[PDB]
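Starting off, we have a lone chain in the form deposited without its partner chain, written out as structure tokens.
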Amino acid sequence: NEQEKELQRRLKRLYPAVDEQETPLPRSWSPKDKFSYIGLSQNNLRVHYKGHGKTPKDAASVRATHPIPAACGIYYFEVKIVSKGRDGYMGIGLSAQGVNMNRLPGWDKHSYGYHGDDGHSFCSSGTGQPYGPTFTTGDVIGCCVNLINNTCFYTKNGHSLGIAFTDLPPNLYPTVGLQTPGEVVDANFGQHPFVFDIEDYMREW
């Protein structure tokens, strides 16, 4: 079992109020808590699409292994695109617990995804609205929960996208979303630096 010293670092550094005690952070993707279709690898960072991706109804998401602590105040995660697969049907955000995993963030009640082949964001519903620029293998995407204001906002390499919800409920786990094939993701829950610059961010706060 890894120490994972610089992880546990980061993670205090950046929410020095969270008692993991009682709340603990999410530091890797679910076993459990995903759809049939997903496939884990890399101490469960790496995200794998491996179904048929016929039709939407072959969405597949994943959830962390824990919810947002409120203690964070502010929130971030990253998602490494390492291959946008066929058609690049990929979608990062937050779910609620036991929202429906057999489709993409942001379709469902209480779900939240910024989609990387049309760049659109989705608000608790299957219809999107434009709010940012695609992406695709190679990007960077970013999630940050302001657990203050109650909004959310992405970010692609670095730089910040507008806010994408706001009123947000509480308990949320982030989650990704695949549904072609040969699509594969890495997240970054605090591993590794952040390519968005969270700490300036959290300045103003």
The other form holds:
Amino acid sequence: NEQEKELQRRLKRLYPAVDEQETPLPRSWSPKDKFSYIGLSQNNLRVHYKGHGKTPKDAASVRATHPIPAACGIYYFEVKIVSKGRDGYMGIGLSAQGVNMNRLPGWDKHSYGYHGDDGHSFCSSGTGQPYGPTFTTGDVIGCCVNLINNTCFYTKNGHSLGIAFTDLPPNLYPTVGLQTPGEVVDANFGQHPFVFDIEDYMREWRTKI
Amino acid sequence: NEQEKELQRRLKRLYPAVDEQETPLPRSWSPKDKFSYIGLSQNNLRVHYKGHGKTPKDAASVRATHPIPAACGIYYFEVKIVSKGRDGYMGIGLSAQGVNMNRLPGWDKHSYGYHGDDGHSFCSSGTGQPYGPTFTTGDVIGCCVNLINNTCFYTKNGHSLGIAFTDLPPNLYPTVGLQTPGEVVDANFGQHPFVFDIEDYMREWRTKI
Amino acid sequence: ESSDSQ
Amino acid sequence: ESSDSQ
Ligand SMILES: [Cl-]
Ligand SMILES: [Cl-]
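Show the form deposited with its partner chain bound, please, the one above being the form deposited without its partner chain.
To see the whole picture, the full complex is given below, headed by that same chain.
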């Protein structure tokens, strides 16, 4: 209950205009809205690959409990790479409701992903573009969404990686995708301080406009 | 450091109008502005009584490194009672520069205190008024100062205790006073989340006016 | 005590 | 892979 208190306070301070009785915020991963090769633990914050990992389509995604409400203005979550597992084919991003979960985020239409093995961004296309560094065990990857201008940038270990996507649809869900055994990542939807100084970013952006 | 990163963010968040280049905020206890019976440890956040507790006046106070700047609007710090020691003659409050430190806060002119053994508030007088509960080992006592209307309330374990003082002078220093051996208390000047929801209180007050 | 004077 | 194709 002290965890829940800190979460509540952080959501309130980052998203002052959001009334969760109207738009609940994503606070964990959805046990229903995930592929079968995904397992959850640690109050549904920890994600692990539990497929045998030798099919032609091993990829598996999970969406958070709720889409990001526009009233956030700017939204932020971070994912810690607990374990890169076998190959570290891990994607972090966003997807609309109902998008195929037997995939890494960004492969399908209305899905957006930044993958750790190649550092590429994936924007509704199975073919990535060079975007950022690779990432692996120990790294923290952040995903910042601007609901006002429909753009998204990622961060690595506290550092912005520049805009990755524009023309984002509304009502996107935080999403992670894993593909190989041993892959384990943790979501911070606000339960903990962020590595990236998101408050400072939000301050500067509201200044810039 | 990670401790100092969290401190900086919390000060920026609670006191957005404060430019510490103009008015540095109190961040620890002063090693120079204390009575000899006070010892400091843990980056000058931990206070312990180190006099022999058998003299006519054993009372000993310490002031933070800086006074509270007006640009805070509302200022908050919390003190955790690690050990009540022998008698738990511990006072928490505020005092002006140069006030005598062979005292508990509030006994002297321009000094304000809330004492754990009797629950009593002390407003520039050696005789207290009934104000709040006693406090002891394990409790967290907060002191909220309003630089706009010059009033102060205390909190215990997250609960407001109502206004204790009015007509506060400017440039007050957070102050702790101890009197008997074994007394140990820790300041939180922002290094850690507060038990009291100070952000919510600040939000409620700025709407109320 | 907490009083300035016993 | 991270590519759709292998
Ligand atoms: Cl925060
Ligand atoms: Cl805070």
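What we label the rigid core is the largest C-alpha set whose atoms superpose within 1.5 Å from one form to the other. Numbering follows the first chain given and starts at 1.
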| item | value |
| --- | --- |
| Moved residue between these two forms - picked from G138, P56, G158, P31, where its Cα shifts 2 angstroms or more relative to the rigid core | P56 |
